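> These are the residues of each chain, in order.
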Amino acid sequence: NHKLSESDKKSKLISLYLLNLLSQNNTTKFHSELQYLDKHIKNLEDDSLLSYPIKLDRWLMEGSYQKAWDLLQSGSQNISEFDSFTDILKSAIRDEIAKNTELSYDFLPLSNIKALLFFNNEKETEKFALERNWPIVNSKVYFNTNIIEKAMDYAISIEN
Amino acid sequence: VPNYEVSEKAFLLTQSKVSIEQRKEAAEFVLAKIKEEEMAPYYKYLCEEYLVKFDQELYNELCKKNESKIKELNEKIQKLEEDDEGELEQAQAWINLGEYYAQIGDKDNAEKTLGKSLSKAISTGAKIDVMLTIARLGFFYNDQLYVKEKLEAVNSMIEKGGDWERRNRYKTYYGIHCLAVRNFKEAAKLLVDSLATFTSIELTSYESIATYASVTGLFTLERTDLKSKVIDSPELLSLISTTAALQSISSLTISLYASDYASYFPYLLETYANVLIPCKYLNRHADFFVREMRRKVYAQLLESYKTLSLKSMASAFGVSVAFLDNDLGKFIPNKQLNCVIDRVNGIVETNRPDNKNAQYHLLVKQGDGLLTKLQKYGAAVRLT
Amino acid sequence: XXXXXXXXXXXXXXXXXXXXXXXXXXXXXXXXXXXXXXXXXXXXXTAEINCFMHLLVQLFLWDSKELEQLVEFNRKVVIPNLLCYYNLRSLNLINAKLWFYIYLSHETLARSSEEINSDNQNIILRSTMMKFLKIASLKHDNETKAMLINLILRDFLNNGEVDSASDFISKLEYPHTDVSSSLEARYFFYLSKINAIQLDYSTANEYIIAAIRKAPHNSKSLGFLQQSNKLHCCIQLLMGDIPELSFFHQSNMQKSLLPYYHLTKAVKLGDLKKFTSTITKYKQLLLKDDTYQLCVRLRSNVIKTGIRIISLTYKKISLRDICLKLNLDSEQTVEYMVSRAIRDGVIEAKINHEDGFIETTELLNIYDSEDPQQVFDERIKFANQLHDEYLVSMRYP
Amino acid sequence: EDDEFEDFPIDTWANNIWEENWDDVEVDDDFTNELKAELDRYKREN
Amino acid sequence: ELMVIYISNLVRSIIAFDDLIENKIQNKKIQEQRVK
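Protein chains in written order, with the entry's author numbering: chain H, 93 to 236, 257 to 272; chain D, 21 to 72, 93 to 424; chain A, 27 to 71, 131 to 482; chain I, 31 to 45, 58 to 88; chain E, 272 to 307.
By construction, these hints were calculated from the structure, which means they are not laboratory data. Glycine residues also receive a C-beta, built at the ideal position from the N, C-alpha and C atoms. Wrong hints could be hidden among the right ones.
Some chain A residues near chain I, calculated using beta-carbon distances under 8 Å [stated by the list, open to error]:
#	residue
1	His-302
2	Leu-307
3	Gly-325
4	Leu-330
5	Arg-464
Residues of chain I clear of chain A, computed beta-carbon distances all greater than 12 Å [claimed, not checked]:
#	residue
6	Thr-42
7	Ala-44
8	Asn-58
9	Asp-71
10	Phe-73
11	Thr-74
12	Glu-76
13	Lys-78
14	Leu-81
15	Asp-82
16	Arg-83
17	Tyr-84
18	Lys-85
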């Protein structure tokens with residue numbers, strides 16, 4: 093319908109919903125929703141407001157976060173209470189990098205951790221790293257059966 | 021027969037980047053053997069292929105005289121089937137009939153004529169060698185299946201019996217066929233032993249097949265068996281400058297076997313231009329050859345080094361680093377080459393399975409790769 | 027005249043499994059038809134064959150290409166007819182061919198024009214189909230059940246609803262034992278698909294593989310294989326396993342797989358811009374099915390490949406160069422992407438930050454030590470219980 | 031055991059004997075031509 | 272040695288798997304026949 097489907101509370105609300113699904117880390121439901129909305133919105137121009145959740149998803153799917161974080165700065169234009177979700181998603185990203193960087197490389201200067209995790213603060217760092225149990229050295233963090261038996265084992269496995 | 025040379029020159033005219041001079045003189049060589057061969061299934065076939093000049097008057101005349109002689113041989117036959125002792129002989133006049141289709145280069149016609157011509161009581165050279173000719177049309181038109189079937193036929197005719205003097209020209213056929221596809225690994229032994237004895241009037245000149253056996257040889261032969269069977273040539277030595285290729289390609293192979301790296305690529309380009317692309321059989325495979333012939337050298341250059349620096353290599357081959365790196369990057373990830381690169385230091389170290397260590401790791405990986413497969417299918421057949 | 031077959035087909039009216047056989051030739055029994063031959067039934071009149138002759142009416146029309154009174158017919162006629170068949174048990178099997186067409190033209194009708202009357206209509210449709218889906222479910226007719234299920238699934242996917250269909254499956258039990266392999270593969274198809282869209286791949290390749298097995302071949306069954314395989318390439322690709330060329334040269338189908346054959350060339354090389362360009366090239370072609378939004382997920386996989394190749398071909402690389410080979414804007418972008426690749430068990434590297442170069446891990450000798458003992462031991466045990474298992478399921482003789 | 035699959039239409043369109063490795067159909071054709079420029083380009087400088 | 276032990280074990284495993292194939296195929300045809 094033209095009359096029934098109009099209300100802009102749609103345009104903001106749907107996007108809100110998708111973003112919810114991301115917030116809960118439910119990917120299955122999310123992409124399912126994509127497939128849903130597609131045939132309806134199929135008149136779809138780019139994604140007008142809706143690129144915020146979509147694009148927000150694609151960039152973290154690929155693994156390039158900086159663009160994603162940028163989107164988190166770009167929700168303020170249309171801003172609504174998803175700021176809370178922001179504070180969700182924001183944390184939801186950082187562990188990732190953390191959970192990434194744990195295996196990345198063992199050795200970081202504190203300024204670099206600030207660079208990665210998008211802190212505006214130096215102390216929030218070791219707050220996080222303690223919360224992450226990371227032993228910290230002065231700005232610089234570190235991220236870290258006899259054979260006889262075996263033989264008889266092979267035997268007893270053979271002669272059953 | 022057909023005389024082949026017409027075909028090779030035709031192909032020469034097809035290809036774009038051949039020297040235009042050889043394209044010309046090749047062309048008028050062709051045409052010159054349209055005239056004397058009174059031959060027309062080309063003129064439309066070839067003119068079509070050029071299209072991929094045309095004068096239909098000449099065409100008409102050729103067709104006319106062809107009609108005259110095909111008429112004549114057919115008539116002679118018509119005298120001969122009445123002739124009872126000509127059993128062996130009527131088949132022979134037929135052999136001149138379908139053979140005349142070979143001079144007239146018409147495929148289906150010589151096909152049928154010789155096929156029926158097998159019926160008469162005849163020598164092994166007829167029921168066999170005639171087949172060889174039938175396929176030789178196959179070689180002529182570049183239909184490799186039409187060949188394939190027929191070398192199966194002759195294969196049977198031999199497998200029951202017949203002379204090894206026929207089996208040799210056989211193996212030359214089936215060999216140059218093998219080369220007509222990517223399969224060199226067969227053409228190695230096939231061709232390389234076809235040097236001991238060769239029948240040219242069948243298809244091609246002795247120096248052609250020399251270039252073939254030397255190319256396939258270079259391509260699949262090991263270093264000690266290259267020296268053995270090719271670099272040492274009771275034959276190729278007897279040829280050398282004989283053509284415009286064997287001096288080039290041999291000038292390549294010696295530059296390999298003898299570790300001349302500065303010279304390798306130039307001779308490589310040469311042979312790419314001079315021998316490969318003109319060969320109607322090889323040109324299709326041109327790239328598959330050169331790609332390979334790059335790897336070997338890179339391989340052969342590293343094999344004595346557990347580490348060596350790029351600029352050493354680039355210096356040797358005489359290319360810049362960046363392009364050299366760019367080249368190795370093709371082979372390495374495919375595990376066709378046992379190198380690996382360190383660009384930070386411009387260094388190259390070689391990981392290859394010799395020291396028991398390597399032959400340990402590689403074995404672990406291959407083993408697990410077999411397990412996960414085995415388990416995978418395992419659960420499937422379990423539950424079914 | 028030819029109506030004798032229609033009478034001969036009625037000679038199949040005796041009992042039970044004859045209907046099965048009766049259907050087989052009846053599959054091809056529709057080769058010749060006439061409106062005057064319709065008058066045959068006019069002279070032929131029973132209800133148990135009334136529904137069947139209605140089948141002949143549908144077959145007549147849809148083949149005759151006229152869809153209007155075919156669906157109109159479905160309503161006005163089938164509804165009165167539908168009530169009578171419910172009492173009968175044998176009729177349910179016959180109606181499946183019926184339902185198979187019923188939905189069809191309606192779906193096909195949607196391609197004529199857009200109207201919300203089609204909406205409300207199809208709400209009614211699905212509603213019914215679920216109704217006597219339950220009814221027949223209690224009547225324990227396997228074939229008509231499975232068929233109907235398939236039809237409503239296909240409805241959910243003509244819609245955009247994967248979830249509703251998924252949770253629908255969650256409460257389903259499928260009439261497994263007695264089936265038609267074609268319907269079985271329609272199921273396994275749709276199943277694999279929706280199971281994929283939800284981003285669980287590793288179980289999708291299964292059900293689609295079965296959709297390859299259980300499907301018949303002939304000359305007609307093609308399009309199902311063409312279509313499925315057009316999906317199978319996608320799953321195989323997303324999962325991270327490139328398919329082999331011969332998969333792209335099989336039969337006539339190889340003309341259709343071409344865009345996928347232009348995807349793997351994009352994927353294996355790991356060159357993003359070529360990929361994207363190709364997606365723009367064939368996009369519209371990929372939209373006629375929904376494989377599209379599957380394929381646009383690959384942007385992750387492509388880059389994974391890019392990294393893995395840059396790793397196998399280099400021991401250690403300054404971030405600058407990786408960022409050049411992958412075309413990306415910034416190094417800072419890189420170490421996020423590579424830091425990601427490492428966690429996924431792809432590269433097995435570490436990263437030198439202050440000099441900014443990846444270094445890939447080595448094999449570090451150690452053969453002369455006991456580590457090979459431990460390793461071989463694990464592998465050994467894990468070979469044993471394979472042997473064990475294969476002898477525990479062996480018991481049957 | 032035959033059904034029409036009328037629901038799946040066979041695709042409608044708007045219009058090498060040897061088995062291949064992919065790198066067969068890589069066929070990037072570059073090297074022959076790029077090389078010569080690389081060689082001579084180099085030795086003009088040295 | 273542990274190598275040879277190990278790849279040998281692989282050989283047993285694959286064999287056993289084969290014999291499963293022979294059972295499953297066997298029961299398939301027998302139980303098939305039990306129909307009629």
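> Indicate, hint by hint, whether the structure satisfies it.
Here's how the hints hold up against the structure:
Proximity of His-302/A to chain I is violated relative to the hint, the smallest CB-CB distance being about 11 Å (cut-off 8 Å). With a least beta-carbon distance of about 5 Å to chain I, the hint placing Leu-307/A at the interface is held under the 8 Å criterion. Interface restraint check for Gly-325/A: the shortest CB-CB distance to chain I comes to about 16 Å, outside 8 Å, so the restraint is violated. Taken as an interface hint, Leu-330/A checks out: its beta carbon lies about 5 Å from the nearest beta carbon of chain I, inside 8 Å.
Because the beta carbon of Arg-464/A sits about 30 Å from the nearest beta carbon in chain I, more than 8 Å, this interface hint is broken. The non-interface label for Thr-42/I is inconsistent with chain A: the shortest C-beta to C-beta separation is roughly 9 Å, within 12 Å. The claim that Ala-44/I lies off the interface is violated: its Cβ sits roughly 9 Å from the closest Cβ of chain A, which falls inside the 12 Å cut-off. For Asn-58/I, the shortest C-beta to C-beta distance to chain A comes to about 9 Å, within the 12 Å cut-off, and the non-interface label is violated.
Taking the minimum C-beta to C-beta distance to chain A, about 15 Å, the non-interface status of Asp-71/I holds against the 12 Å cut. The Cβ of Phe-73/I sits about 16 Å from the closest Cβ of chain A, beyond the 12 Å cut-off, so the non-interface label holds. For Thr-74/I, the requirement that its beta carbon stay farther than 12 Å from each beta carbon of chain A is met, with the minimum near 20 Å. The Cβ of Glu-76/I lies farther than 12 Å from every Cβ of chain A, with a closest approach of about 18 Å, so its non-interface assignment holds.
Once the 12 Å rule is applied to beta carbons, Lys-78/I is consistent with being away from chain A; the minimum gap is 25 Å. Consistency note on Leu-81/I: stated as away from chain A, and its beta-carbon is indeed over 12 Å from all of that chain's, at 24 Å minimum. Here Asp-82/I stays apart from chain A, with its beta-carbon at least about 26 Å from theirs, past the 12 Å limit. With 12 Å as the threshold on Cβ separation, the claim that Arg-83/I sits away from chain A holds: the shortest Cβ distance comes to roughly 21 Å.
Look at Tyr-84/I: its CB is around 22 Å from the nearest CB on chain A, clear of 12 Å, so calling it non-interface holds up. No beta-carbon of chain A comes within 12 Å of the beta-carbon of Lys-85/I; the shortest separation is about 27 Å.
When the structure is compared with the earlier hints, violations turn up for hints 1, 3, 5, 6, 7 and 8 and for no others.
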